[PDB]
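Given as structure tokens, the chain that follows is alone and in the form solved without this ligand.
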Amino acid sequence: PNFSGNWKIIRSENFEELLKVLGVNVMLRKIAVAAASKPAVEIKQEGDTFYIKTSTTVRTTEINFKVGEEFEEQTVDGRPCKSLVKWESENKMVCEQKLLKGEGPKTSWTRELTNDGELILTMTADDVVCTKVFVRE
């Protein structure tokens, strides 16, 4: 699979609820939802090595990881975590997250490519699942 490119969002389902079960207050959820309505996602993939930059109106996040190697990032609610990505199948990577400090709902994410060239991002927090779908610019 080849994830490299600049990606634009085309579908988003259940993002507010994801924040809500992570205990994010109404004010910040409403802001966050609007801020993330038209993000910029840049991915540079070199084999199993990934650079992913996600930008909203007010936030920018850059992660750098290799599949199979632990790295640090933040949960969707902004808590620092140790993450580990594995390939579940050819075109689909799954990430388990462990908080660096404290405890909280179990969070994870997945990214996968479809034959039609869509990138599907799933984020979970306990039993709440948020799906976002992107296409290349």
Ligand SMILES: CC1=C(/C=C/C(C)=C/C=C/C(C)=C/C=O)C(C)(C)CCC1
Given for the second form:
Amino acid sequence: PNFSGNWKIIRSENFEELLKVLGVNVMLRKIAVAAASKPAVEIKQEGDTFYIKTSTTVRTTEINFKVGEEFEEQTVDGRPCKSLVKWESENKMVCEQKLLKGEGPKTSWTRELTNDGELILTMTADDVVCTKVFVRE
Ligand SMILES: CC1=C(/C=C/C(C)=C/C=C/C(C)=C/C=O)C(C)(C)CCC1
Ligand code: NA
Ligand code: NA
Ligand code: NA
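Starting from the form solved without this ligand above, please write out the structure of the form deposited with this ligand bound.
All chains and molecules follow, beginning with the one already shown.
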């Protein structure tokens, strides 16, 4: 597959519930959920090397990783973590995350290119799964 491109959101589910289980107060959540409903995503992939930029009106993240190599990033709520991405299947990556400090919900994410040309991002905290679906811009 090639994830490379600019991606636009077409569906979001369960992002408020995800932030809820992470313990974000309703007021800050409200700012976040609205902004996260319109994220713009740029991916540059060369083989196992990835750059992913996710931009919203309230927060932008930029990560560089290589599939199979540990790296440091932040959880969806900004907590520093170490992460490892692997290919779960041909067009699907899964990232497992461990907090650098302290105790917290177990978090992960997955990104998959689907047969129809879309991209599915999932983000999980404990049991709660957020799904966001994108199409190329
Ligand atoms: C403003 C703000 C937040 C916003 C988070 C957002 C907007 C996350 C968007 C995530 C997306 C689009 C992920 C795609 O991979 C936090 C950190 C929850 C709480 C602190 C204040
Ligand atoms: Na990430
Ligand atoms: Na994020
Ligand atoms: Na999944």
